[PDB]
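Visitor: Each chain is listed here by its residues.
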Amino acid sequence: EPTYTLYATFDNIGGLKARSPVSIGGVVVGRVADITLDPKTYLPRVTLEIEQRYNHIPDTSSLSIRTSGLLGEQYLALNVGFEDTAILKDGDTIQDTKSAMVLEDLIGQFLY
Amino acid sequence: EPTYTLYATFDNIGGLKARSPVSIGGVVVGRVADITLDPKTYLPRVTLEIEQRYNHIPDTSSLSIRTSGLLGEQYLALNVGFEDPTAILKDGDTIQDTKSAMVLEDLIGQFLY
Amino acid sequence: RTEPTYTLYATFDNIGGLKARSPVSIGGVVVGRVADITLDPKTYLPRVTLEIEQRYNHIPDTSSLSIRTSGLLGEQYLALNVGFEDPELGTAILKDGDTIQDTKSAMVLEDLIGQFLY
Amino acid sequence: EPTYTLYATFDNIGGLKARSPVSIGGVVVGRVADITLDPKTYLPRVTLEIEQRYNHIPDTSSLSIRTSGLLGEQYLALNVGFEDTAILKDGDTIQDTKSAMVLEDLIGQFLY
Amino acid sequence: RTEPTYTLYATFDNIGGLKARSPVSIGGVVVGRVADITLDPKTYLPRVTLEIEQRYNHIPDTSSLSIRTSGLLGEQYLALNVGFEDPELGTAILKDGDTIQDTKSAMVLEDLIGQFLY
Amino acid sequence: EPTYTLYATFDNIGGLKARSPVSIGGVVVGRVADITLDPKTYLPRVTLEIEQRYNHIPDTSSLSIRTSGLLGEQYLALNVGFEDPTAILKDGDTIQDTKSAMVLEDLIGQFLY
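Residue numbers (the entry's author numbering), protein chains in the order written: chain A, 37 to 120, 125 to 152; chain C, 37 to 121, 125 to 152; chain B, 35 to 152; chain A', 37 to 120, 125 to 152; chain B', 35 to 152; chain C', 37 to 121, 125 to 152. A prime marks a further copy of an entry chain.
No wet-lab data here; the hints were simulated from the structure.
Any given hint could turn out to be false.
[Stated by the list, open to error] SDA-like, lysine to any residue: derived pairs with alpha carbons at most 25 Å apart:
#	chain 1	residue 1	chain 2	residue 2
1	C'	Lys138	A'	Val142
2	B'	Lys138	C'	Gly117
3	C	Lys53	A	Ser56
4	B'	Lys138	A	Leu143
5	C'	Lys76	A'	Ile71
6	B'	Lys53	C'	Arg89
7	A	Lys138	C	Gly51
8	B'	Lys76	C'	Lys76
9	A'	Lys53	A'	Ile71
10	B'	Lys138	C'	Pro121
11	A'	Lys76	A'	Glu37
12	B	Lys138	C	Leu107
13	C'	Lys76	A'	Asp70
14	B'	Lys138	C'	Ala113
15	C	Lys138	B	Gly51
16	B	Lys76	C	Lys53
17	A	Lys138	B'	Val116
18	A	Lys53	B'	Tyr78
19	B	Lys138	C	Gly108
20	C	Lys138	A	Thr103
21	B'	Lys138	C'	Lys76
Only chain A is shown next, with the shape it has when bound in the complex:
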């Protein structure tokens, strides 16, 4: 499958790494190609490669970083948004992101 490039910035990518999958409905449609840290914002930017056969994904789509079972690996959940506006293609950015949970933040929540 040829792929098209997508970019996304998160506050915290956590356990996500190069080769991590991109799922829709839990089906893998692509892969984290590279992770790097903005020289200026010190915020991580993910580069995605999405199989071409999933070409009709809207800009209103989002990404969440998630885990696969309890001790699972980290993956990216692409949530397909409503169409009315455009469609993503090599070089487009996903605006709407949700950062990995931080186990220590949940323990501090769950206690305090």
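Using the hints, position chains C, B, A', B' and C' against chain A.
Guide: Below, chains C, B, A', B' and C' without anything else, positioned relative to chain A:
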């Protein structure tokens, strides 16, 4: 065993994959043959193969995606529904009634917020 | 050589992870083995066949089976709970080919989570 | 080390098996030698072998069945009772026992 | 060849499972490595030496370190949190040999359990 | 490193064994050399060997038995106490202040009852 085909659409199939089992009462009656994503709806469509000897399963039946123990693998729980004046499923029929895999992050967000 | 056994049957709603050769415990002591599991072609209910060591012959009908797990990531097993022997009436002893009417099906991790939350 | 025999009856021995240790203060002083089910009571009877160098253990002592960490193995916690009456030796019984927890009873407690 | 780095130091109360070669993450992206851990012969406090890739040169003094775990049975790592750059005053940039004053020590499983209960 | 001897008595040492470490601030400063059970008190007495380079540890110091992560192994957390007009520990000294291993069954019994 020869098998008969069934189809079912979920919002989220999570860890379910090709060759994942189909259980009834925890007894394996079949296998996920293929998972693919609807070209139009971007919703996963599961193709099931059920051993023929389990032919009298009604339309009011459901599937849930479940895990086998805590760190288990994902499987499909077919719940045989009550039969009443609908029909019986056979090669090519669809199961309307589905329940998508749980998402660890949604349960933690529930349990906290 | 091997301990000779007697056959017992039970029907559950859901046997979960239980399989052929799974043990049968009393007070956590193994007294036998799941011999076969099969799914009724008509009731779509699993029927378990048990082999119990002969030396445990005085088990009453009022006895139960629960499907349980051995620790958190454990294997599945059958807990046979010995019921009380009533001298009033109602209360015999199980022998080759008897059925255990009182069963409890495997717990379903998804049902516990759905309970615990909703 | 030569050993002396001790016996004990529990309602439920759970995951305890032949060769399981007998700890005092978390120090191993002996071993489950055999487990068997009373022909009449259908209650498990444990046979223990205790290293001889621990000879001054009173009758008022108890046994609890416990687990070593979360996914640990099962062991027997011998709790040394007060002396005023006697001392255990080859063939004596420990009256005071506490049966293994049953994971399904704790889940039913924790929910209902 | 290898990315050249700059040295940073930090003192914690308790470094827990953190060891030499443990990573340093920003937003979960690795920017460096624990180079050495040693215990002050006088303060009996652990002092960590860090090597940060040069290409991350614009980190402010108001930045912090927390010792964290990667999933539940994970390995220990250092979360460097980039602080705000104040144009009023008080707020420089770290260079070879600077110290990170703001630290948070490893969590102690026994302290969480003692909290959660008592 | 040459080492200096220390002794300490706990109610329950749990999973702690010979060769278990002694940490300060999570830095290993020594090893459990031997565990044995007092012939009289039936209480476990731990013999510790501490690297000599950590000689200035006060009597008001404590030991706790702890676990390294959830499924971790057991180790001894030496907490250096505040020094005030007592003394310093050296080959043969005893640590009064101890905390015995947690017992999973006691925490579950707390958490429920």
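Visitor: Against each hint, give a clear statement of whether it holds in the structure.
Guide: How the hints compare with the structure:
no.: 1; hint: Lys138/C' <-> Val142/A'; verdict: 28 Å, violated
no.: 2; hint: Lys138/B' <-> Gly117/C'; verdict: 21 Å, holds
no.: 3; hint: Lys53/C <-> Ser56/A; verdict: 17 Å, holds
no.: 4; hint: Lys138/B' <-> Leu143/A; verdict: 15 Å, holds
no.: 5; hint: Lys76/C' <-> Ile71/A'; verdict: 30 Å, violated
no.: 6; hint: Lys53/B' <-> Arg89/C'; verdict: 20 Å, holds
no.: 7; hint: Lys138/A <-> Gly51/C; verdict: 21 Å, holds
no.: 8; hint: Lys76/B' <-> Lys76/C'; verdict: 39 Å, violated
no.: 9; hint: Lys53/A' <-> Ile71/A'; verdict: 7 Å, holds
no.: 10; hint: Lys138/B' <-> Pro121/C'; verdict: 31 Å, violated
no.: 11; hint: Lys76/A' <-> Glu37/A'; verdict: 35 Å, violated
no.: 12; hint: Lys138/B <-> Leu107/C; verdict: 23 Å, holds
no.: 13; hint: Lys76/C' <-> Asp70/A'; verdict: 29 Å, violated
no.: 14; hint: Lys138/B' <-> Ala113/C'; verdict: 18 Å, holds
no.: 15; hint: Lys138/C <-> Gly51/B; verdict: 21 Å, holds
no.: 16; hint: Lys76/B <-> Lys53/C; verdict: 29 Å, violated
no.: 17; hint: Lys138/A <-> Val116/B'; verdict: 19 Å, holds
no.: 18; hint: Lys53/A <-> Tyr78/B'; verdict: 37 Å, violated
no.: 19; hint: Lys138/B <-> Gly108/C; verdict: 22 Å, holds
no.: 20; hint: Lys138/C <-> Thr103/A; verdict: 20 Å, holds
no.: 21; hint: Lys138/B' <-> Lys76/C'; verdict: 44 Å, violated
Hints 1, 5, 8, 10, 11, 13, 16, 18, 21 from the earlier list are contradicted by this structure; the remaining hints agree with it.
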